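Participant: Here's the letter readout for the chains.
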Amino acid sequence: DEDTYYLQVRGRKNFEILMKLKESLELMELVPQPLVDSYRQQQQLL
Amino acid sequence: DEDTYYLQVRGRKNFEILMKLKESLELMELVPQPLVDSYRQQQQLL
Amino acid sequence: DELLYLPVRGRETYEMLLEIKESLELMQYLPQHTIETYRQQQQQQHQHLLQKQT
Amino acid sequence: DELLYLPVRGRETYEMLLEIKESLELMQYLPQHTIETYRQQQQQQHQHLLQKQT
Amino acid sequence: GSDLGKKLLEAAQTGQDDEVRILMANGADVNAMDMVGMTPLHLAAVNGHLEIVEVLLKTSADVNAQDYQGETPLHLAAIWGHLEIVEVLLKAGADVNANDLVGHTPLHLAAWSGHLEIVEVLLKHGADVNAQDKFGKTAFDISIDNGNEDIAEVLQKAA
Amino acid sequence: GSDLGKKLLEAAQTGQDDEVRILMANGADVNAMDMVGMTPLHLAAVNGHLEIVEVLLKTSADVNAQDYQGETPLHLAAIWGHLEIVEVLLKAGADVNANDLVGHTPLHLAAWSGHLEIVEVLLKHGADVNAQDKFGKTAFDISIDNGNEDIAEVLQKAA
Numbered sequence: 351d352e353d354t355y356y357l358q359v360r361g362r363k364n365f366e367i368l369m370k371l372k373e374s375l376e377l378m379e380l381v382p383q384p385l386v387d388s389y390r391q392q393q394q395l396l
Numbered sequence: 351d352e353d354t355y356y357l358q359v360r361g362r363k364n365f366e367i368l369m370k371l372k373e374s375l376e377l378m379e380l381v382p383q384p385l386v387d388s389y390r391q392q393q394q395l396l
Numbered sequence: 359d360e361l362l363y364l365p366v367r368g369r370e371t372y373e374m375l376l377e378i379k380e381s382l383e384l385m386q387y388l389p390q391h392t393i394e395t396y397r398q399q400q401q402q403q404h405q406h407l408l409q410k411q412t
Numbered sequence: 359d360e361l362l363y364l365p366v367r368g369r370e371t372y373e374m375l376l377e378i379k380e381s382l383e384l385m386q387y388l389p390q391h392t393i394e395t396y397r398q399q400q401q402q403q404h405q406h407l408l409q410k411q412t
Numbered sequence: 001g002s003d004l005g006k007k008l009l010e011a012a013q014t015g016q017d018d019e020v021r022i023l024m025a026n027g028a029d030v031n032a033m034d035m036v037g038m039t040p041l042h043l044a045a046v047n048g049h050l051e052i053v054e055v056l057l058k059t060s061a062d063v064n065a066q067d068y069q070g071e072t073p074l075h076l077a078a079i080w081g082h083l084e085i086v087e088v089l090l091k092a093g094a095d096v097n098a099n100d101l102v103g104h105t106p107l108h109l110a111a112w113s114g115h116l117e118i119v120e121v122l123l124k125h126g127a128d129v130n131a132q133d134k135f136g137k138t139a140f141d142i143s144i145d146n147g148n149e150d151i152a153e154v155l156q157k158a159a
Numbered sequence: 001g002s003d004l005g006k007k008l009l010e011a012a013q014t015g016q017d018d019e020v021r022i023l024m025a026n027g028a029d030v031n032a033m034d035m036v037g038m039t040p041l042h043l044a045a046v047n048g049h050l051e052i053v054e055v056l057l058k059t060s061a062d063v064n065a066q067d068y069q070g071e072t073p074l075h076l077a078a079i080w081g082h083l084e085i086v087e088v089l090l091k092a093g094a095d096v097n098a099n100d101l102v103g104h105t106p107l108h109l110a111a112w113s114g115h116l117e118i119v120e121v122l123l124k125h126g127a128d129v130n131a132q133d134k135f136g137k138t139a140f141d142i143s144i145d146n147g148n149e150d151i152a153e154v155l156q157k158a159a
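Chains as they are written, first to last, in the deposited numbering: chain B, 351 to 396; chain B', 351 to 396; chain A, 359 to 412; chain A', 359 to 412; chain C, 1 to 159; chain C', 1 to 159. A prime marks a further copy of an entry chain.
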């Protein structure tokens, strides 16, 4: 998906965790698929 | 913390993960401290 | 309810995942009256939707 | 960079944590030019703050 | 786990009396455990579902089952203020002095929550007022911490 | 890990030339690994920091170090289009045919990204056009998938 969603969260520490995961989930999409595939292959070998 | 924060996230699947964690993080605060303490003691024993 | 084992490099990631996992599991201890009160609060929060203005 | 071990009950929680952990770790593969482009996008997103109206 | 076991856990949690009886009749494991090790009896106790507790107590379900945190159904009925459920669990042989992983008894948790009448029932069944938790604390100590002076008076008189 | 090692990893990633030289002079581990097993040389290669790559290649840092995914610095310079870094890595003895965990060579990843000139340099250093990944795919196969017909022509001519 590509479109934009809003949420509200109570608690600054909750907000800080969600903003850290918002960042990693959004940036994750810019990682080339071949590196995602090697990474998943590694997690499998464990 | 008690006050309310807004974020935006791109991607429905990203939004769905964040809404699941928003829920669990917000509800977590309603769990009595003694049960939080037993839970942390258990994670420690592992 | 199988006991699965997540390999984690580094303290920072491990602690983040622990806090998330804790929040996911400890919901089980809440009564449905508590869950329903939360759900109504969340529903009423909608009456006033978020929008980009200011 | 010690290899720590997170005990997880159940598939659903394990898979959620895996997806989060993946997102956290795979950022390392991004060039700073990519990170800076994202950061500017995020900064410009502020120019139009979220507020409860509609 | 099993499929029926997970369904029985959800039916007990959500108070679906009829679905609990149908799941049980179809072989659902009364000893099924959720992700924190709670049985259907624990979840019926948390969620205040008296009729479902009473149904499960007619089975071989362990009234003193401990979740992964050491909590018994009685701990959880006590912390969440479910007086009638506390009564039926004790009538069914619930260990009034069961200790969870941080050394809380049901009396500790009723003290913590401020459920006076549950404290009185636990005392009637011989709850140990002297039992100290991980952090040295009696029920009386907790009831002080949480401004439950009314329970702190009842506990002092029992001591 | 070490403290200096983590700092050297961040300095290399963020292009802090002077901080890289100071960290190294103070004993920072050139073989330090981040959470995905990348060394400072990998991170300088990802992030397009030529001067930092050149500095690290004067050390005992392994030009062919593999992260936990099997990626070498050359893989990562190739996928991210850092031509000058691809050149200096190969001059320093980078394995042009290094295989990561899903059987990608640097040529696969340059094909995937559409970096024609890097494909040409990898070929000049004897990149294997016939090497097949986990999913049976050559570089030529990928370049087709990703509409890089220009690279698919160069690879067909090499075959």
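Hints are computed from structural coordinates only; laboratory data are not their basis.
Every residue, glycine too, gets a C-beta built ideally from N, C-alpha and C.
Each hint should be verified, as a subset may be incorrect.
Claimed, not checked - Facing chain B, according to a computed beta carbon distance under 7 Å, are these residues of chain A', among others:
#, residue
1, 362
2, 371
3, 372
4, 374
5, 385
6, 388
7, 390
8, 407
Participant: Hints first: check each against the structure and report whether it holds.
Facilitator: Here is what the structure says about each hint:
1. Annotation: interface hint on residue 362/A' violated; nearest CB of chain B at approximately 13 Å, more than 7 Å.
2. The closest approach between the C-beta of residue 371/A' and any C-beta of chain B is roughly 15 Å, which is over the 7 Å cut-off, so the hint fails.
3. Given hint, residue 372/A' at the interface with chain B, is violated; its Cβ is 11 Å from that chain's nearest Cβ, farther than 7 Å.
4. Checking residue 374/A' against chain B by beta carbon gives a least distance of about 11 Å; that is not within 7 Å, so the hint is violated.
5. A hinted interface residue such as residue 385/A' counts as satisfied when its beta carbon comes closer than 7 Å to some beta carbon of chain B; here the least separation is about 5 Å, so the hint holds.
6. Taken as an interface hint, residue 388/A' checks out: its beta carbon lies about 6 Å from the nearest beta carbon of chain B, inside 7 Å.
7. Here the hint on residue 390/A' is broken, as its CB sits about 12 Å from the closest CB of chain B, past 7 Å.
8. A distance limit of 7 Å between C-beta atoms decides the matter here; for residue 407/A' the minimum to chain B is near 11 Å, and the interface restraint is violated.
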